[PDB]
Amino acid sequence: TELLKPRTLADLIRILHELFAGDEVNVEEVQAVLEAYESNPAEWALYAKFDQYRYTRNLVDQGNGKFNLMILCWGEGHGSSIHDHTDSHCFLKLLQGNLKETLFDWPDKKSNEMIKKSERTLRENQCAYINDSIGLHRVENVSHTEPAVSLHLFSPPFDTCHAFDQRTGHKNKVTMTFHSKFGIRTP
């Protein structure tokens, strides 16, 4: 599979439709092409719709029936739950700012504190990857001064996941909602 550098976000999307044309996913190739796209704010401004109070999920492309590509917009101090990814691949590329990713193991059945296994700072243009076999994660914009924007690819698409209570490991199902689709706010 000949991987070329995406020239623009639209070019990236076209390449992703090629990489997901089939039934399986070459994770390292997808991550490499996502990393190789150099974030250009003008190309994704349409999708980068923020909310004052929490991070937003903005659908960019529905894929070929095979993936959701979305842009998440994180105000200062906004972060996620500890969550899984519903048996899907998750790629996360930073378009602007920085995000802290904290990794957790799947809890045991016993109620116990969830102790982080590691953390890392994801920086502009870097692409991280996670799936349920790797573990769970929390993603947070810990900046006090800089909003963050990330590009997420989920394959297959999913609209529910679990949030985990860090104090006990207990999980609850959450339905994920789109703040916008294709540049259009969807209340």
The other form holds:
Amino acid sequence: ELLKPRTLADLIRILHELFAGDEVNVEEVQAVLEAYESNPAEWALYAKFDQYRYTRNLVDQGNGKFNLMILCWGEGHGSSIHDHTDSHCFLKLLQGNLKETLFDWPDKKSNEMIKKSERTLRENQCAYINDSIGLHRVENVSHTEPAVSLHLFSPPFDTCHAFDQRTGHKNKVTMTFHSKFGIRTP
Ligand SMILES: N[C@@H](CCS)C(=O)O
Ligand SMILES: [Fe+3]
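Now show me the form deposited with 2-amino-4-mercapto-butyric acid bound; what you just gave was the form solved without 2-amino-4-mercapto-butyric acid.
Every chain and every other molecule in the complex is listed next, the one we just looked at coming first.
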């Protein structure tokens, strides 16, 4: 029985319930993530920016089955084209806008990766992806507004691949946390 999260803290408790079992109900998780109305005061602690690239800020370690983090995107900051390591990825906008560009898994042959589609995620919207769906790139294309997003991954993962848009070639990346629980972690 899914209720509206009243606050970020509330959202986290609900996520522990949802992941209390071995199976994820994706539409339910996406629904509750969406239902949370972004309140900048609730997550300001986690919203730590870097001048040159986007940052990953851990919010909750989950119950072994997931974790939850906040990503902060300066003007013009974006990601690589990437996968999600056989895990669920949920992404919700907390501030600003992000452009999400979808790509298919590349064939063996070296080829331009052509955009399958793109969309603009606006404040409070929650997107979902997993490897069965495809790959994506996420970008703050604004010249004037920073962006902030909330990401839920299940199971947790700290590695993934980046794909070269010219060739489809992948490289394994290890991701780092800019902060954990509000604390900068160099
Ligand atoms: N999964 C990547 C990009 C956002 S979905 C990350 O953790 O930085
Ligand atoms: Fe992603």
